[PDB]
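Beneath this line is the structure, given in structure tokens, with notes to follow.
Every protein chain except one is present and positioned as in the full complex.
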Amino acid sequence: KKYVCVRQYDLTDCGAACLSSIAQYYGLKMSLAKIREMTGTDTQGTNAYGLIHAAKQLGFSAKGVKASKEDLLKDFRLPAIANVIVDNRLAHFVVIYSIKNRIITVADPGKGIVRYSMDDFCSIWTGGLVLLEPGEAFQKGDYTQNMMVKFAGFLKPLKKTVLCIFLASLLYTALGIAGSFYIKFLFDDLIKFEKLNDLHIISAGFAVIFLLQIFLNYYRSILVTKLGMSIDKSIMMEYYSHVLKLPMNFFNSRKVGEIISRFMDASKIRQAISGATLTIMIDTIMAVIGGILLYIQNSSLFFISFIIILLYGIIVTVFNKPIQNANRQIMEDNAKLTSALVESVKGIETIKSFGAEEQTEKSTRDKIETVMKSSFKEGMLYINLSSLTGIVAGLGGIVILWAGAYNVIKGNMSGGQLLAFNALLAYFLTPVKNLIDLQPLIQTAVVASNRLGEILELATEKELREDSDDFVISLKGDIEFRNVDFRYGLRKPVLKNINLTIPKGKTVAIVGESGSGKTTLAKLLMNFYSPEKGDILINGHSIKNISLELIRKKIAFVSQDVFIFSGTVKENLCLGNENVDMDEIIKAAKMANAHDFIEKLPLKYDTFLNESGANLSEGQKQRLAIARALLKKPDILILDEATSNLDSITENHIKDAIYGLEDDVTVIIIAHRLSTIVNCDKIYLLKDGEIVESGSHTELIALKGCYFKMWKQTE
Amino acid sequence: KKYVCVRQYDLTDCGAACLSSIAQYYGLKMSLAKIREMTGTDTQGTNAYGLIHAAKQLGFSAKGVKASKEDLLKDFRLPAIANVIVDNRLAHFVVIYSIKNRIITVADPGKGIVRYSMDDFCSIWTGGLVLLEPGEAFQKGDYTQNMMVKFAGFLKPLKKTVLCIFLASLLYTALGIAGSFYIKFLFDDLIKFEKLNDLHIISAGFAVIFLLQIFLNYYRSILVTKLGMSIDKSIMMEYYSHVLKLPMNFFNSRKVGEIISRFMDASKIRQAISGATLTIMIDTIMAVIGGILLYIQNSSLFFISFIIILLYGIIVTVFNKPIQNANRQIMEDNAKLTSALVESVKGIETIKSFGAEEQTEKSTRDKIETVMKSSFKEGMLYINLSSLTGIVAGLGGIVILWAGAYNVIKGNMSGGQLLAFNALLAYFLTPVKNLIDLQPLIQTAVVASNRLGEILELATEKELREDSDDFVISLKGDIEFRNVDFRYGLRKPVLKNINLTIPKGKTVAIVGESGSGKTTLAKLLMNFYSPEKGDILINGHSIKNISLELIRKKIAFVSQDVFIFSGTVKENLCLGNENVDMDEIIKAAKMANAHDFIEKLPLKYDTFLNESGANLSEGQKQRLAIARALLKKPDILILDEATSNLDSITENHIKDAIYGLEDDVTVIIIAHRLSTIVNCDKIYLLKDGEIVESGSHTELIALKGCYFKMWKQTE
Amino acid sequence: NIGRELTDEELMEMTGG
Partner (left out) sequence: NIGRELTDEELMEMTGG
């Protein structure tokens, strides 16, 4: 039956598109983001295990088969997912749809459906297959609708303005159509009857008509621009406000570029909606009016003008696609050249050391040759389109004049009628040209709209959790992990089953090495992720029930890689909390040892902060972050080592801060050196996903365990 | 005398542009590239020490004075160069010209000339002054030239295509003139006298005339496109070929982006040097011909057309500048929005931890507001221009008809001549419109041409030296450094004049740590940078007077960081040397021990590297580089061992290989650890640019010097 | 469905994208 293949919206989603296409091949449509998150795509790529996982949960009875050299037997159920290494650069996934008569058909997500033979295809793909089959517990359902239906919801409140564009738009042409008739009047009332005074009057009349038309054009355009600005701003702002309320896995899956490009995508939809909702409503009416009027003027040459438009439309449609393919090829080759230029400039040290300037010059010349060949090939395509448009545009005018003259000789129409007709043909040709030219806009706009709406429909962070807020006013209690297990993604679970206990208001240290998720536990306690197995108990109550906002406002966390935002210290230090007095700020600065590098600043009141400023030092950034954490005044704080800038002297001030806080608060320090943890009440050592033992320095040393070996390694 | 200000080409070029503006103020116009050289501008910015040193070198008596707050003393000569902290992020350099009635004039290279009052200027600028005076060594001269004259030399050999284009374009306009008279012929004879047999023949004749016109347009367009591609390719290849041969200081000074952008700038001037010259050659003459045709057709109506063109030119030249002023502001504000948005996506961990998403949402909204305000402000001026042009067009169109009707009724011309003139107005209006519209293209293209050509006029790296290669063709000999002091530019010297000797065919190691040199001395030996005081002596001859090509082809170099180029190992190994047999390559792979890595690869040597050897490990890359060094079979070898991935597994292999050279070739090793240098014959330690001691390991240990402490710290 | 079975380790090592 019908073949289906879903394109790429981003560049890392090769694996997800194949599964979506296979689902749609069996009547299952799902938003690409909702399958993307389920299969757990990472930044680097997609592991086949994730595909099998999402398949067996979705309903498909998948199997991971080591595809042999011979895969021609008619035994397994087609279609199936295959993995390839495209031109030996990076891995990629395609799907095999039909196998018969020494022909393979693959629905490449990159391109359309493409056909290969035995040898050329068999050379490229290195085994591997994923069998999919819609067995039991499968249902054909579609969770995705039309995104534009949602987006018109932004247009609806701004209704009154639209009609003001529409109401003016009629009164525009209603004058313009009159303005065309002047050429007829002159050749009827003035040339033959030499009515001088009437000529003077009609001149001023048509002049004031034209100035009225221009004024109305101005009034229309101002409203169009204002409406476009309003729609565009609303779309961007709604999207950006929604993005912030998602769990962290969304942000870890994608990069920063694929979140920013959504803003240009939204800007595209402004033009799409404005152009469509204006043209479809006004230009078709103008075309109808023009057609009726010219049918009144003359029937036959109306059919001439109709065939002119038909040929123009056919010419545009036949050339729409090859231009797009040529443009895509040019855009690929240009980047493939830019890569070589950048590499050569970077490695000119080696190039000059070995004296191989000709070797790079010839290769760059060959690649420039390819770029120029592609550019000229596409330029010839524009040349052909322009010539084929010009033939119609000119021959149509010539035959229009010829038919008009022939009808004049027969005695059916007058010369003034001919000239008015020829002048008014603009009002029936141009609107149709605009209607035809707008088809690519809708074609790209629907894809852009789907791409942006997939993110919007995705579940927000708040909605997932279940809340019980009024029962627990106070965070205070013992921290415990009960049989908690965790994995970042399809990756092997970094954190295993652990059992840990933390009493009230005690100093706790966490020591780990070689990246065993030492900071992972801090984020899990911050409830950025959810443990699928196990739970976190505070005051004998599981974290999942406590309100998320109170937690996030009453947990203190300092990033191992501190981040500061551009602006002024006064507001940047109190990020998150408004209505803050200077007294507690300065006391926090005193206790966090922050005031002593404020005098050297230009103005204490307004110290303008720059991103990646040369003045700023990482020690000062971490001190600022610690100041914010103490300003949050919680009972639960998490901190990481300075690792630089005289850690020994900062140790004294940190110990003054924690000891001088004078409350029964809980603090968790994560570090890789044992020097400061000697006085810690309780220390936890983490190795390869397991807490080896719980205790303090004295008995860990007496235990004759591995901690003894690390301590001797230190000294 | 008028005030002239030089505009900045690059972002980090504020220091040199001001000096160039001063030079032109004193009538010494010289290329900005040669200023940027002697000023020693780096990627970060410009040191005032460089400005003063350069000014003294030219002849300007320069005095650096801290500008006092009170600056109303007319005791020093003007103008003067001073810094301004326009924003906390970026310092800047500007020129103050004169003070009149407590109003200062400042030529900002970024934005033309701006005037300030005492209240707002003193606030922005920080105390700085550089008094520049012609000290009887200055001379009024001119070194700069007309660059487009040079670039036309590429167009001159393409005489055939240009002449064919000119002839075809002339025939195009001639056919247009012939075909325009259809209305006059129709309304004079054909309609009045009713000659159907004549009507059909005339219609067919004008149809074939128009078809020939379109074919000529197609033929002209193909040649124009081909000529444009040819000139573009020639310019880009010549530019790249010249750039590849410069001393490294140019590449250390600038970024890679500032070298790449010139490629786009080349296609920026292809369109000027083709279209502008074609329009000047063709449309001016064609407009002249149309002028005589209309003049003999009618005089007063020609005067009407002239006033229409005059009004059009006035409006365009009035609105040319403010639209650019709005466009540049929009670009700046859009970039400011994008940077502050990327800063928001990156710091997700903080923004979600502190519960401050409202704070960032409000700021982003107030910034998008500014973006839309700027865009709307530009839109108003654009629509003003659009409506004002239409008013002129329409009023001219109606007035032409009015005047023609007056003329025909009074009995000066006939009916047909009026419509013939309306048809023929295209060939006199469109060329002149193209002439007027072309001005901004030339205005920006001249700056682009200067920016591209200032690089080309610079002297390449080959001819700086003077060599006597025929006398000595052999690298072999003793290396000597005597009183050699080299500096990167105008910063603190990295080396100091030293006495060093390297014997023939002997094993020498150079150890450098704690930020000391270990590569600067190597590149100095490589003749990358010209030593300023002292010389480097080989076999009783200074290296400076030997063919540079042989020296670089007889010294093998392994950098601290390695670079691998996109391709295959087979061609990557023999980079810069063809006519190479596989036998010696396999031998080198024996001594380089790369063979252990080739078996597991799918192809032995035809294996394509994905992207600069991304799949490889750095230790493997270093081994591959070693092989490249060995393939040269150079007299002198320079190695830098891997930091930590040697693992004492390839270290023994490297020792075996260097022992198995089995020839008296000079060997240099640089490392940051003393483990293996025990076998080395002589070892030299460079401390803060000083060779304090020189000798072998045993004597240095016996000396109980700093090397002894380093050895004990190592072991 | 008679092809040779593939272990999960290769599935993890199969990094497509």
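Order of writing sets the labels: A, B and C. Residues in every chain begin at 1.
The rule we apply is simple: a residue touches a chain if its C-beta (ideal position, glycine included) is under 8 Å from a C-beta of that chain, and two chains touch if they have at least 3 such contacts.
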- Quick one: say which of B:2, B:66 or B:704 touches the chain that got left out. B:66
- Item | Given B:76, B:143 or B:295, the one touching the chain that is not displayed | B:76
- Consider the whole complex, including the chain that is not shown, and state which of B:49, B:295, B:659 or B:708 touches that chain. B:49
- Message: Need a quick check: the contact residues on chain B for the chain that isn't drawn.
- Response: 12, 14-15, 44-49, 52, 63-68, 73, 75-76, 83, 90-93, 128-129, 131
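Here is the rule we use: only the chains that are shown with their structure count from here on.
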- If you average the CA atoms of chain A and of chain C, how far apart do the two points sit, in angstrom? 31
- Set of chain B residues in contact with two or more other chains: none
